[PDB]
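Student: Take a look at the letters that make up each chain.
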Amino acid sequence: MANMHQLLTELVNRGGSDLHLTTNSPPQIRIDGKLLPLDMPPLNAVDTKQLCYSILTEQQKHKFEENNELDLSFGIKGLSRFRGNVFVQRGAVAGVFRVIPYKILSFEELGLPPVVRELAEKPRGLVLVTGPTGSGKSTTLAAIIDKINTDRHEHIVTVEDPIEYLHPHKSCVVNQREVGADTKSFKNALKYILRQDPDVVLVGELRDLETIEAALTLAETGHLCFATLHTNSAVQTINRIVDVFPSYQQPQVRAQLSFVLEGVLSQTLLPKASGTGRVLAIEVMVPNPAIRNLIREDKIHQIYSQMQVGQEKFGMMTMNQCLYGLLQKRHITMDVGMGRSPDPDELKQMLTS
Amino acid sequence: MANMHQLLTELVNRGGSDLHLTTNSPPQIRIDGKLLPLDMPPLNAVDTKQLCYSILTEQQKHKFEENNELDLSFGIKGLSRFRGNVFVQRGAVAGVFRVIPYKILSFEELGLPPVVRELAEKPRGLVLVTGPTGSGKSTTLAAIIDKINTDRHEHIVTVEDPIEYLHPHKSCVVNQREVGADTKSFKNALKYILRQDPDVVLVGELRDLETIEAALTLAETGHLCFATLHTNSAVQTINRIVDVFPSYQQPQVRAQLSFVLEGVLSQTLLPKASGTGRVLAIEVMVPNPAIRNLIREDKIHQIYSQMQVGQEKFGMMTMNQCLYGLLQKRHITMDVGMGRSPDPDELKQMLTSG
Amino acid sequence: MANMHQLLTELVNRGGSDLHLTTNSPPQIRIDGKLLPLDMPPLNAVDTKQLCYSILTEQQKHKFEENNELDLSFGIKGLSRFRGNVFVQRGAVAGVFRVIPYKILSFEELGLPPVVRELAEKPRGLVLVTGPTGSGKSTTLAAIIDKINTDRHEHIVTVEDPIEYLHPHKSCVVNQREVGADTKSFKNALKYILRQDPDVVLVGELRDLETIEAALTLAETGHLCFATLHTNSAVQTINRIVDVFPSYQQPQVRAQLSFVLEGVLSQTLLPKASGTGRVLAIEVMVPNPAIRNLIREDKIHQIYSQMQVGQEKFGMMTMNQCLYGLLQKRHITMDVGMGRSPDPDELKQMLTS
Ligand SMILES: Nc1ncnc2c1ncn2[C@@H]1O[C@H](COP(=O)(O)OP(=O)(O)OP(=O)(O)O)[C@@H](O)[C@H]1O
Ligand SMILES: Nc1ncnc2c1ncn2[C@@H]1O[C@H](COP(=O)(O)OP(=O)(O)OP(=O)(O)O)[C@@H](O)[C@H]1O
Ligand SMILES: Nc1ncnc2c1ncn2[C@@H]1O[C@H](COP(=O)(O)OP(=O)(O)OP(=O)(O)O)[C@@H](O)[C@H]1O
Ligand SMILES: [Mg+2]
Ligand SMILES: [Mg+2]
Ligand SMILES: [Mg+2]
Numbered sequence: 001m002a003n004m005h006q007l008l009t010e011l012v013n014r015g016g017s018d019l020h021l022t023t024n025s026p027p028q029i030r031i032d033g034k035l036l037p038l039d040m041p042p043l044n045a046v047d048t049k050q051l052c053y054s055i056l057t058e059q060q061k062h063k064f065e066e067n068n069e070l071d072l073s074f075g076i077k078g079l080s081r082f083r084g085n086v087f088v089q090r091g092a093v094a095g096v097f098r099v100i101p102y103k104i105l106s107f108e109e110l111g112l113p114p115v116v117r118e119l120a121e122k123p124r125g126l127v128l129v130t131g132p133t134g135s136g137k138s139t140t141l142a143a144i145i146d147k148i149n150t151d152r153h154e155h156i157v158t159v160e161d162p163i164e165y166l167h168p169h170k171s172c173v174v175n176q177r178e179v180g181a182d183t184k185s186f187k188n189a190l191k192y193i194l195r196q197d198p199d200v201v202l203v204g205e206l207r208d209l210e211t212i213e214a215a216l217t218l219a220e221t222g223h224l225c226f227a228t229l230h231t232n233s234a235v236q237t238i239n240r241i242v243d244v245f246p247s248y249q250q251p252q253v254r255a256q257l258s259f260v261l262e263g264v265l266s267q268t269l270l271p272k273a274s275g276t277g278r279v280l281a282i283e284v285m286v287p288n289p290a291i292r293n294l295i296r297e298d299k300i301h302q303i304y305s306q307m308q309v310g311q312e313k314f315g316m317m318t319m320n321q322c323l324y325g326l327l328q329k330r331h332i333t334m335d336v337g338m339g340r341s342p343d344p345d346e347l348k349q350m351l352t353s
Numbered sequence: 001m002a003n004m005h006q007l008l009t010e011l012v013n014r015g016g017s018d019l020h021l022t023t024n025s026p027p028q029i030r031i032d033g034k035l036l037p038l039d040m041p042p043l044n045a046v047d048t049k050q051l052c053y054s055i056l057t058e059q060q061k062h063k064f065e066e067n068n069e070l071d072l073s074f075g076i077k078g079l080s081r082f083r084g085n086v087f088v089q090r091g092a093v094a095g096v097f098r099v100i101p102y103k104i105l106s107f108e109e110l111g112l113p114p115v116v117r118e119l120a121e122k123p124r125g126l127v128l129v130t131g132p133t134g135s136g137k138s139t140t141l142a143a144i145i146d147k148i149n150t151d152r153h154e155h156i157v158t159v160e161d162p163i164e165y166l167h168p169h170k171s172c173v174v175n176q177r178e179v180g181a182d183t184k185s186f187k188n189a190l191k192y193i194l195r196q197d198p199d200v201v202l203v204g205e206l207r208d209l210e211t212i213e214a215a216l217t218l219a220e221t222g223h224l225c226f227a228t229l230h231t232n233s234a235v236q237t238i239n240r241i242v243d244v245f246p247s248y249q250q251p252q253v254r255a256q257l258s259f260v261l262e263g264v265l266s267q268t269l270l271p272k273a274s275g276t277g278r279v280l281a282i283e284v285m286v287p288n289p290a291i292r293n294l295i296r297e298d299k300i301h302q303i304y305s306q307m308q309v310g311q312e313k314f315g316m317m318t319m320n321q322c323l324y325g326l327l328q329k330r331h332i333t334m335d336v337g338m339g340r341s342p343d344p345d346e347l348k349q350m351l352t353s354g
Numbered sequence: 001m002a003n004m005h006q007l008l009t010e011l012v013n014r015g016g017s018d019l020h021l022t023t024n025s026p027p028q029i030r031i032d033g034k035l036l037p038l039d040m041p042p043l044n045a046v047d048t049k050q051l052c053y054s055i056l057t058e059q060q061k062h063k064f065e066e067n068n069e070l071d072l073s074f075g076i077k078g079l080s081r082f083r084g085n086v087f088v089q090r091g092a093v094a095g096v097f098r099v100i101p102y103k104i105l106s107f108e109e110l111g112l113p114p115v116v117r118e119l120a121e122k123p124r125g126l127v128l129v130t131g132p133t134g135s136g137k138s139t140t141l142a143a144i145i146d147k148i149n150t151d152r153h154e155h156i157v158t159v160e161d162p163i164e165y166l167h168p169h170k171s172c173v174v175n176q177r178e179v180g181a182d183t184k185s186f187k188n189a190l191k192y193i194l195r196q197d198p199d200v201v202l203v204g205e206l207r208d209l210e211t212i213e214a215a216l217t218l219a220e221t222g223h224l225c226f227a228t229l230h231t232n233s234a235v236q237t238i239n240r241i242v243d244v245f246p247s248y249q250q251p252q253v254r255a256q257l258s259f260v261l262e263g264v265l266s267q268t269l270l271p272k273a274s275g276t277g278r279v280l281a282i283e284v285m286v287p288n289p290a291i292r293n294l295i296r297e298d299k300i301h302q303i304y305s306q307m308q309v310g311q312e313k314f315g316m317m318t319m320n321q322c323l324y325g326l327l328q329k330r331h332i333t334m335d336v337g338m339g340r341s342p343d344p345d346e347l348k349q350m351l352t353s
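Protein chains in written order, with the authors' numbering: chain A, 1 to 353; chain B, 1 to 354; chain A', 1 to 353. A prime marks a further copy of an entry chain.
It is worth saying that the hints were derived from the structure and are not from the lab.
Note that beta-carbon positions come from the ideal geometry of N, C-alpha and C, so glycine has one too.
Treat the hints loosely; a few may be bogus.
[What the hints assert, rightly or not] What the simulated footprint calls covered on chain A by chain B, stretch by stretch (three residues with Cβ under 8 Å from a Cβ of chain B suffice, anywhere in the stretch; the number is not a length):
#, segment
1, 19-32
2, 67-74
3, 178-191
4, 233-244
5, 314-328
[Claimed, not checked] Some chain B residues flagged as far from chain A' (calculated, every beta-carbon gap over 12 Å):
#, residue
6, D39
7, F259
8, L269
9, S274
Please model the entire structure based on the sequences and the hints provided.
Tutor: Dropping the structure here:
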């Protein structure tokens, strides 16, 4: 029946986030978080292998067959780019494919508050975009980087596994290195990045202690560094970074973070109240002198109280404060807002007042 | 006399849990926990090798002869699936085979309380199914996963060594990866699972620090994660997870567990008082705000007191409370209930209270 | 002169425990702990090599010649089984051989108290048989396992280096794996033993931290686990197990031990007062609720006081209490009892009262 080109076109046309191909099921697309099967016969092992192999190079095929795992990205001219993962289950090939649009949407289209636009103007520091899997983090990062590319005459370097969004040069020089092709690893790229005269660097996830140290060094040496974590809040993000280090070296890490941290964004995507589309809920922490002191004084938990009152001055916003605003504008239902609040009793109190 | 197909048929027909093949003994089938020898001549070394090799591929035969060890699963069309272990003792092949039915029983048939069915509706978090060896853990997990498969339109990924229960697609997309064939290892499968757009993940036993960290990460990144441990209670399960980490990092592990933990099930299978069959005894801990606080404040022991009074509100149940109910229903004898109670004095108090 | 078959027959016939073959000495047999030379010419290097090689397979000969060390067991039909060790000294082969009877003696013949028979009825837990080298530990373990084999319909697995006592099936299924032939190592056997549906497992000596963790896991997962240590008392045994772990993880180990421990037996073999044969002296600790609390409370030393008064209720017995009974029945002399008491002044006090 349908070939890979038609399946990916249907994924794009229907606003799906992921296309799933596996044996004994028809192709399925995730729309607004939920899977929907396409009106097609179920695939067999011949189908899944042929469809997934149709978008691989010969080197990628040999590589997938050596490990039964493969991450990759590819483009279909005139349609979209895609991030693919291919694996093996029950002795057969399976694949998942995520849409990466060629055109980056704006801050207001993505539902990002104006403070996120101001983060794109920071000359230096560490900006963290956090949240659960598939919560819009790469899309937010692409919007920020596109703004920098538009407005600055600086050098942007990204290190990606794989490269997702493409950034053609506007006013910046943008260099994008793909792990496994352009560079051997994140570690090898970071070993030479300081000799490449960067101004803005995207390093991906802060996956281990070595990557955290690289990001802290980048942010301390006069660069604007963007990174991601899978944490769910500003406080949880700061604690996660500090606590990976041995107890005797955590004082320095807290001091470094207090100096270089310029923003923490924690995102989630919620189903809209209408039943179509998803809306962004975001917690924003922008450090002020009080928050930087709390970090140095090892009073990280008290940062949440500072965020509750930093709305007008610094554009800060707790997750519950964002859910409150989404509820008053009727963008989400009460069940969705409550089922997502990190503290439902606090959000209840905010409602009853 | 009998061939492997006939021996596995008797295993299934008799409701046994395991078939044992070893030299100088007839085939034996474990029924309700106790071995029963079949009315057959004892096997010799030729018999044990031939019977076990009849259910192996040539690649599996080569690997078994390379290591004198082998785990595997296989199916017999129209009968059942089986998990097998082949080994060598006294210079001869030996084998044990566990039944894996094609049909997944319901919560009611398995003796699982209604709170277990509500765990299958959880959209995120960490659910732990614990207990001793052969206590029904994989069967409970299959029942929960079959319920999710029936009710949700989500992506379920399992990593198994080997794959036991097979889950055909219902309303979910179900991908099942077998270690050693589909994926190199648990570690390699977990290295890529976040790029496979999952909603529900089965990771197997929390074998080491690395697997615990993977399961905690899965649970906090928006997924429903199922895993097993060989601990015997909810409190012992929480302590086991925290205590594997260095002392300075246990605070973060306790904070993570307090956020993501959605359920701990600890099971044991007991012989029925009727003499035929076994009955499930299960301790259920479902975190409420009080328990999550106790985890963060490093007061894990005080969780047991919360479970004693959380029956009506949250469906919680200590093991002794489950044993009490089984005794009231006359499913088990007093000796069996007392002999398996983790605190016989408490169960005695509960019985002679009124 | 005499061949290996005749030397091993003389070892069996004279009730010896070990036969020694080395150059410039006649064959010597250990009877009741003391060596006695046989009335034969001294052996040379040709003799020792020929005698020891007569009981080796070709693979064992190549193996011994590669390492100058070899542990093994073998049987002589109609006579006995034997555990052998072959080594090299002064450029020549030497060998020691221990008798392993085909018929396992009963509890009363071995001098084991009735509480040891009750340990064979335990459904689950950890049972430790401890004592110095050659103190009867394997023989006690074989008697317990034979009782389980007789009375239960369960699965017994032993891991041995090498297999000593053979256990033909009675009511149990008994599988015995020899390290270096049936299984690669203790570690590899223990890696798969939980997938082999065992009920009772013999794991040998708790030689390292990894083996202790395996035994604690077996005893906690619904199995009856038997293991040995070379400790001399119940308290010394418990302390040895806990103290091998780092200080931060000892709380869990004490908690595990308090849950799974079902018995500690510490044996010694003493020469009989008549001058012929040896008699077993044994310290028995069976945990009661008080002892299990002392383990959790890190009050291990106070367990000895509980054993002094647990004779009638739980069948417990300190080593000195056993020596006291052996002295009143005139089984041992005062010098032997005192020369063996771990606290001679306590045994003195028990005598003068
Ligand atoms: N602000 C947003 N509002 C609504 N939908 C969004 C938003 N941002 C991203 N999405 C959609 O969510 C899906 C995931 O996008 P994206 O890959 O950028 O997030 P992610 O956290 O980086 O995913 P992953 O964890 O796999 O790397 C996409 O389909 C995207 O169109
Ligand atoms: N609720 C139950 N009630 C009665 N019997 C059960 C129940 N659950 C499982 N069993 C039976 O117990 C035996 C073991 O089942 P299962 O393999 O699922 O447990 P397990 O703990 O995962 O075993 P293992 O430790 O080897 O992985 C099977 O024969 C099964 O039919
Ligand atoms: N209860 C007993 N009474 C008298 N003699 C015994 C008793 N048990 C064992 N023996 C004898 O002591 C000798 C050693 O026996 P055994 O090998 O079982 O002890 P062991 O501690 O396991 O030795 P090793 O440390 O070398 O492994 C044998 O000759 C045996 O016959
Ligand atoms: Mg991304
Ligand atoms: Mg299982
Ligand atoms: Mg021994």
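Student: Next, verify each hint and record whether it holds.
Tutor: Hints and how they fare:
no.	hint	in the structure
1	19-32	holds (count 6)
2	67-74	holds (count 4)
3	178-191	violated (count 0)
4	233-244	holds (count 3)
5	314-328	violated (count 0)
6	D39	holds, 15 Å
7	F259	holds, 23 Å
8	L269	violated, 9 Å
9	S274	holds, 19 Å
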